[PDB]
Amino acid sequence: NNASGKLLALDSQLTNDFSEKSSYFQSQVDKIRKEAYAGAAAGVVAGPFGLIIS
Amino acid sequence: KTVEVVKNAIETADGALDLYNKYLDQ
Amino acid sequence: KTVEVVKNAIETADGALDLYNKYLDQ
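Chains as they are written, first to last, in the UniProt record's numbering: chain F, 142 to 195; chain W, 8 to 33; chain Y, 8 to 33.
Hint data in this document are derived by calculation from the structure and do not stem from the laboratory.
All C-beta atoms, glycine included, are put in the ideal place defined by N, C-alpha and C.
Treat the hints with care, since some could be wrong.
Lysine-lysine pairs mimicking BS3-like chemistry, simulated, CA-CA at most 27 Å apart [said to hold, decoys possible]: (1) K162/F to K175/F; (2) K175/F to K29/W; (3) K29/W to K172/F; (4) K172/F to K29/Y; (5) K8/W to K14/Y; (6) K175/F to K29/Y; (7) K29/Y to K29/W; (8) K8/Y to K8/W; (9) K147/F to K162/F; (10) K14/W to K14/Y; (11) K29/W to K14/W; (12) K8/W to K29/Y; (13) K29/Y to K14/Y; (14) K14/Y to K29/W; (15) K14/W to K8/Y; (16) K172/F to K162/F.
Non-contacting residues of chain W with respect to chain F, defined by C-beta distances greater than 10 Å in every case (computed) [stated by the list, open to error]: (17) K8; (18) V13; (19) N15; (20) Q33.
The shape of chain F in the complex, shown without the other chains:
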C-alpha cells in the first residue's frame, strides 16, 4: 500500500513537469533568436558587406 501511493505521487509530478519543460523550451528558443538577431545588428560598423555577412 505504500508503494502503490508513491507510484501515483511520482506519476502526477511527471505529468506536470513535462508540461513545465515544454513551456521552457518555447521560452528559451525566443531568447536564442533574440540574442542572435540582436548581436547580428552590430554589422553596421562596416558597410553593406559587413551587414549581410553577419
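Let chain F serve as the given structure and place chains W and Y on it in line with the hints.
Just chains W and Y, lined up with the frame of chain F:
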C-alpha cells in the same frame, strides 16, 4: 602609423560594442 | 625600428583576436 590607428580602432570598436549592449539591454 | 613595430603588431593582433572572440560569442 597603421599599427597605432588599428590599435585605437580596436579599442573604439570594443567601447562601441559595450555601449550598444548597454543600450540594448535597456 | 623593426623590433618596436613587431612589438606593437603583436599587441595589436592580440587585441584583434580578443575583439573577434568577443563579437563571435555574441
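Hey, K14/Y versus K29/W, does the alpha-carbon distance stay inside 27 Å?
33 Å, violated
Does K14/Y sit within 27 Å of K8/W, going by the straight-line distance between their CA atoms?
14 Å, holds
Determine whether the non-interface label on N15/W survives the test: each CB of chain F must be over 10 Å from its CB.
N15/W is indeed farther than 10 Å from all Cβ atoms of chain F, at 14 Å.
What's the verdict on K29/Y and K14/Y, does the C-alpha distance respect the 27 Å limit or exceed it?
Status holds; Cα separation ~23 Å.
Least C-beta distance between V13/W and chain F, which was stated to exceed 10 Å:
14 Å, holds
Hint check: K29/Y vs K29/W, CA-CA at most 27 Å. Holds or violated?
Roughly 15 Å between the alpha carbons, so the hint for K29/Y and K29/W holds.
Check the hint pairing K14/W with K14/Y against an upper bound of 27 Å on the C-alpha distance.
12 Å, holds
Sort out whether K29/Y lies within 27 Å of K172/F, counting only the CA atoms.
At roughly 19 Å apart (the allowed maximum being 27 Å), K29/Y and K172/F satisfy the hint.
Satisfaction of hint between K29/W and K175/F, Cα-Cα up to 27 Å:
Given pair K175/F, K29/W holds - Cα atoms ~15 Å apart, limit 27 Å.
With the threshold set at 27 Å, check whether the alpha-carbon distance from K8/W to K29/Y stays at or below it.
Cα-Cα ~26 Å, so holds.
Closest CB of chain F to the CB of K8/W still more than 10 Å away:
Holds, because the least Cβ-Cβ distance between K8/W and chain F comes to about 22 Å, which exceeds 10 Å.
Pairwise hint evaluation, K8/W against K8/Y, where the allowed Cα distance is 27 Å at most
13 Å, holds
Checked against the numbered hints listed earlier, the structure breaks hint 14 alone; every other hint is satisfied.
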